[PDB]
Amino acid sequence: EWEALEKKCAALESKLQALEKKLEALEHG
Amino acid sequence: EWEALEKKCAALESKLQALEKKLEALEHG
Amino acid sequence: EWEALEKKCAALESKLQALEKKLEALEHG
Ligand SMILES: [Ca+2]
Ligand SMILES: [Zn+2]
Ligand SMILES: [Zn+2]
Ligand SMILES: [Zn+2]
Ligand SMILES: [Zn+2]
Ligand SMILES: [Zn+2]
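Protein chains in written order, with the authors' numbering: chain A, 1 to 29; chain B, 1 to 29; chain C, 1 to 29.
Bound-form chain A, shown alone:
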């Protein structure tokens, strides 16, 4: 249970970082 939650947060963090970079691209055309 605990190990799954930790892994879920690590996945979220990767996904958020990618989304930040994709927004930055869109911001700039």
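It is possible that part of the hints are untrue.
Said to hold, decoys possible - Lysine to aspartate or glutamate pairs mimicking EDC-like chemistry, simulated, CA-CA at most 20 Å apart:
id : chain 1 : residue 1 : chain 2 : residue 2
1  : B       : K21       : C       : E3
2  : C       : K8        : C       : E20
3  : C       : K15       : C       : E27
4  : A       : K8        : B       : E6
5  : C       : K8        : A       : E6
6  : C       : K21       : B       : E24
7  : C       : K15       : C       : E3
8  : B       : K22       : A       : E27
9  : B       : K15       : B       : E27
10 : A       : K8        : C       : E6
11 : A       : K15       : A       : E3
12 : A       : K8        : A       : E20
13 : A       : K8        : A       : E27
14 : B       : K8        : C       : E3
15 : C       : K7        : B       : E3
16 : C       : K7        : B       : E24
17 : B       : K15       : B       : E3
Unchecked claim - Derived Cβ-Cβ restraints for the label pairs, each shown as a range:
id : chain 1 : residue 1 : chain 2 : residue 2 : range
18 : B       : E13       : C       : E3        : 17 to 25 Å
19 : B       : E3        : C       : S14       : 17 to 25 Å
20 : B       : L5        : C       : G29       : 34 to 42 Å
21 : A       : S14       : C       : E27       : 18 to 26 Å
22 : B       : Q17       : A       : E6        : 29 to 37 Å
23 : A       : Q17       : C       : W2        : 18 to 26 Å
24 : B       : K22       : A       : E13       : 15 to 23 Å
25 : C       : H28       : A       : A4        : 36 to 44 Å
26 : B       : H28       : C       : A4        : 36 to 44 Å
Don't read these hints as lab results, they were simulated from the structure. C-beta atoms are modelled at their ideal positions from N, C-alpha and C, and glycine is treated no differently.
Fit chains B and C with the ligands to the given chain A structure using the hints.
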């Protein structure tokens, strides 16, 4: 305390999915 | 360990909220 952090992570996953849908709509629509 | 996961989840929430803000700015120009 456990349930509260589980719910938080599920809510962040839901939000991130909604944010990616809106990004796709902005980029392509 | 629990306190570090809770800190990480709060940081992801803050991040996500920033990204939602920035997507809404792009949706309006
Ligand atoms: Ca559970
Ligand atoms: Zn651990
Ligand atoms: Zn710039
Ligand atoms: Zn707590
Ligand atoms: Zn796309
Ligand atoms: Zn396209």
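Verification of the hints:
1. Distance check on the hinted pair: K21(B) and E3(C) sit about 32 Å apart at the alpha-carbon level, beyond 20 Å; violated.
2. The hinted pair formed by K8(C) and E20(C) meets the criterion: a straight-line CA distance of about 18 Å does not exceed 20 Å.
3. The straight-line distance between the Cα atoms of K15(C) and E27(C) is roughly 18 Å, inside the 20 Å bound, and the hint therefore holds.
4. Between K8(A) and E6(B) the alpha-carbon distance is near 10 Å, which keeps this suggested pair within the 20 Å criterion.
5. Distance hint between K8(C) and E6(A) is fulfilled; the C-alpha atoms sit about 10 Å from each other, no more than 20 Å.
6. For a cut-off of 20 Å, the pair hint linking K21(C) to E24(B) stands: about 16 Å separates their Cα positions.
7. Distance hint between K15(C) and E3(C) is fulfilled; the C-alpha atoms sit about 18 Å from each other, no more than 20 Å.
8. Only pairs whose Cα atoms come within 20 Å are accepted, and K22(B) paired with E27(A) is accepted, the gap being roughly 14 Å.
9. The straight-line distance between the Cα atoms of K15(B) and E27(B) is roughly 18 Å, inside the 20 Å bound, and the hint therefore holds.
10. Between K8(A) and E6(C) the alpha-carbon distance is near 13 Å, which keeps this suggested pair within the 20 Å criterion.
11. Between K15(A) and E3(A) the CA atoms are separated by roughly 19 Å; this keeps the pair inside 20 Å, and the hint holds.
12. Using a Cα cut-off of 20 Å, the hinted pair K8(A) and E20(A) holds, with the two alpha carbons roughly 18 Å apart.
13. For the given pair, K8(A) sits about 28 Å from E27(A) by alpha-carbon distance, which is inconsistent with the 20 Å threshold.
14. Between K8(B) and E3(C) the CA atoms are separated by roughly 14 Å; this keeps the pair inside 20 Å, and the hint holds.
15. Restraint check: the Cα-Cα separation between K7(C) and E3(B) comes to about 16 Å, which is no more than 20 Å; the hinted pair holds.
16. Taken as a hint, the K7(C) and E24(B) pair is broken in the structure, with Cα atoms around 30 Å apart against an allowance of 20 Å.
17. A hinted pair counts as satisfied when its Cα atoms are at most 20 Å apart, and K15(B) with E3(B) qualifies at roughly 18 Å.
18. For the pair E13(B) and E3(C), the beta carbons lie near 22 Å from each other, so the given range of 17 to 25 Å is met.
19. Our hint of 17 to 25 Å for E3(B) and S14(C) holds, since their Cβ atoms are close to 22 Å apart.
20. Remark: the range hint 34 to 42 Å for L5(B) to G29(C) is upheld by a beta-carbon distance near 37 Å.
21. As the Cβ distance of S14(A) to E27(C) is approximately 24 Å, the hint placing it in 18 to 26 Å holds.
22. Hint check: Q17(B) to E6(A), Cβ distance near 20 Å, so the stated range 29 to 37 Å is violated.
23. For the pair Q17(A) and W2(C), the beta carbons lie near 24 Å from each other, so the given range of 18 to 26 Å is met.
24. Hint check: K22(B) to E13(A), Cβ distance near 20 Å, so the stated range 15 to 23 Å holds.
25. Separated by about 38 Å at the C-beta atoms, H28(C) and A4(A) satisfy the suggested range of 36 to 44 Å.
26. The beta-carbon spacing between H28(B) and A4(C), approximately 38 Å, falls within the hinted interval of 36 to 44 Å.
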